[PDB]
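Novice: So you can see what is in the structure, the chains are spelled out below.
Protein chains: 2
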Amino acid sequence: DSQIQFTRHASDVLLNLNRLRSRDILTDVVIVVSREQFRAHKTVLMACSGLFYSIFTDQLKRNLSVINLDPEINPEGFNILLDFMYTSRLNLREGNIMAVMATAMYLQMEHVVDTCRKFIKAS
Amino acid sequence: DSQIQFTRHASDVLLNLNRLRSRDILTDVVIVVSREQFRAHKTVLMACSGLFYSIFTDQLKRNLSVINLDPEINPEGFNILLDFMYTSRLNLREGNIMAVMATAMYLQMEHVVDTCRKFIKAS
Ligand SMILES: CN1C(=O)CCc2cc3cc(c21)OCCOC[C@H]1CNCCN1c1ncc(Cl)c(n1)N3
Ligand SMILES: CN1C(=O)CCc2cc3cc(c21)OCCOC[C@H]1CNCCN1c1ncc(Cl)c(n1)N3
Ligand SMILES: [Cl-]
Ligand SMILES: [Cl-]
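These protein sequence lines map, in sequence, to chains A and A'. A prime marks a further copy of an entry chain.
Residue numbers for the first sequence follow the entry's author numbering, beginning at 6 and rising by one.
Residue numbers for the second sequence follow the entry's author numbering, beginning at 6 and rising by one.
Hints may contain errors.
Pairs involving identical chains hold if they fit within one copy or between any two copies, as the list cannot separate such chains.
Unchecked claim - In silico DMTMM-like cross-links for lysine to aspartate or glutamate, where the CA-CA straight-line distance does not exceed 20 Å:
| no. | residue 1 | residue 2 |
| --- | --- | --- |
| 1 | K66 | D29 |
| 2 | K123 | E99 |
| 3 | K66 | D33 |
| 4 | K66 | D17 |
Hints were generated in silico from the structure; no laboratory data involved.
Using the sequences and the hints given, assemble the complete structure.
Specialist: Rendered as structure tokens:
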């Protein structure tokens, strides 16, 4: 393990990917959540969600430009998790815990799911 | 700053992007370095290199699938930096410092450049 470790590099990369998303640069998919639409990078969604990973790894589904989620999926809960994917920061509150946990479970985000379980234990 | 911070999330994302690159999943550019070719994600290259950021932010150059570097650019030095971009780990040695520093300077990777300067000061 002779290589030099840059402790800030991963966070710097994520910050710049979020800036790319903010500027709509090289976004290649739209996630439709009821009346709300969210543009993103498939590479990012696959890197953070078991649901999106299982969809785009399949060469048949790889080129999809639009994804539609379950109508019982809360748009604000998806937005909080889309923000998490791009920032490492989760907006967890007692007023949104159940919607956020239901959305993370659906999206197969094991660590968010684990944190939601810890939040409840601490609530 | 009420949001929960996931200290491992950024590194997890980068690890999965490197796995995507390893599996040639959603790669969209080839960087030609003399007789060597390297496939990657433009979003990743832009997030790590001033050179690649300046190229793909320009809507005229955004859709380029092939980039050719200066013939004096060392393929092993580019490979070490491409690995760095995707891992946060830099393979710096006295036997490759000058080639790696010349390549980072060319690619406009200020932090790699800074570390190379610190390595020399410590060498
Ligand atoms: C379930 N799941 C979560 O709960 C958290 C987030 C997450 C991210 C991904 C996939 C996930 C999940 O579910 C599929 C199972 O994991 C496969 C993993 C492990 N074996 C090596 C390859 N893997 C991989 N390689 C590339 C990507 Cl981009 C990736 N996983 N993405
Ligand atoms: C020179 N340079 C380096 O030396 C290190 C790596 C690096 C990464 C990028 C661009 C770089 C560099 O050079 C252009 C100047 O920086 C622009 C920055 C700062 N103002 C906010 C927006 N910025 C930004 N936003 C998105 C991306 Cl994807 C990005 N930068 N990439
Ligand atoms: Cl997660
Ligand atoms: Cl850098």
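Novice: Between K66 and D17, at a C-alpha cutoff of 20 Å, which is it: within one copy, between copies, both, or neither?
Specialist: Neither way: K66 and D17 sit 30 Å apart in one copy and 24 Å across, limit 20 Å.
Novice: Is it within a copy, between copies, both, or neither that the alpha carbon of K66 lies no farther than 20 Å from that of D33?
Specialist: both (13 Å within a copy, 17 Å between copies)
Novice: Evaluate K123 and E99 at a C-alpha cut-off of 20 Å and name the case that applies: within, between, both or neither.
Specialist: So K123 and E99 pass the 20 Å test inside one copy only (12 Å; across, 47 Å).
Novice: Between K66 and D29, at a C-alpha cutoff of 20 Å, which is it: within one copy, between copies, both, or neither?
Specialist: between (22 Å within a copy, 15 Å between copies)
The structure does not agree with numbered hint 4 stated previously, though it agrees with all others.
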